[PDB]
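Since the structure of chain A is provided, determine the placement of chain B on it from the hints.
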Amino acid sequence: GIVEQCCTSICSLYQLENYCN
Amino acid sequence: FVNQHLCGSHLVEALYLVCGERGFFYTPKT
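As you go down the protein sequences, you meet chains A and B in turn. Note that the authors' numbering has the first sequence beginning at 1, numbered continuously upward. Note that the authors' numbering has the second sequence beginning at 1, numbered continuously upward.
Hints listed in this document are in silico derivations from the structure and should not be mistaken for laboratory results. All C-beta atoms, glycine included, are put in the ideal place defined by N, C-alpha and C. Errors might be hidden in some of the hints.
One side of the interface only, derived from the structure: several residues of chain B facing chain A at Cβ under 8 Å [said to hold, decoys possible]: (1) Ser9; (2) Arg22; (3) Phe24; (4) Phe25.
For each label pair, taking beta carbons as the anchor points, the in silico distance ranges come out as [claimed, not checked]: (5) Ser9(B) x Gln15(A): 16 to 22 Å; (6) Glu4(A) x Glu13(B): 17 to 23 Å; (7) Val18(B) x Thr8(A): 16 to 22 Å; (8) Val12(B) x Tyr14(A): 26 to 32 Å; (9) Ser12(A) x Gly8(B): 14 to 20 Å.
The following block holds chain B by itself, in its conformation from the complex:
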């Protein structure tokens, strides 16, 4: 699922799955 174009909710979901209990930051403007 990581090695492709990941946009919008699809990107969020990938971050959620990979990062697990660490959580993550989603900063589309930066």
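Excised from the complex, chain A in its bound form:
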């Protein structure tokens, strides 16, 4: 989930936008 993808590895806009409503 987000912590694995954006905190413990480098985030991306592609990935952040999956968490927008």
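Relative to the frame of chain A, chain B by itself:
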């Protein structure tokens, strides 16, 4: 600001800025 390690409040803030009026969900356990 997206293309780096984003933890805790820094992650929340990035979600807030990117998602804007759509809002977002923050689920650190999943």
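Original post:
Of the hints given before, which are not true for this structure?
Top reply: Per hint list: 1 and 8 violated.
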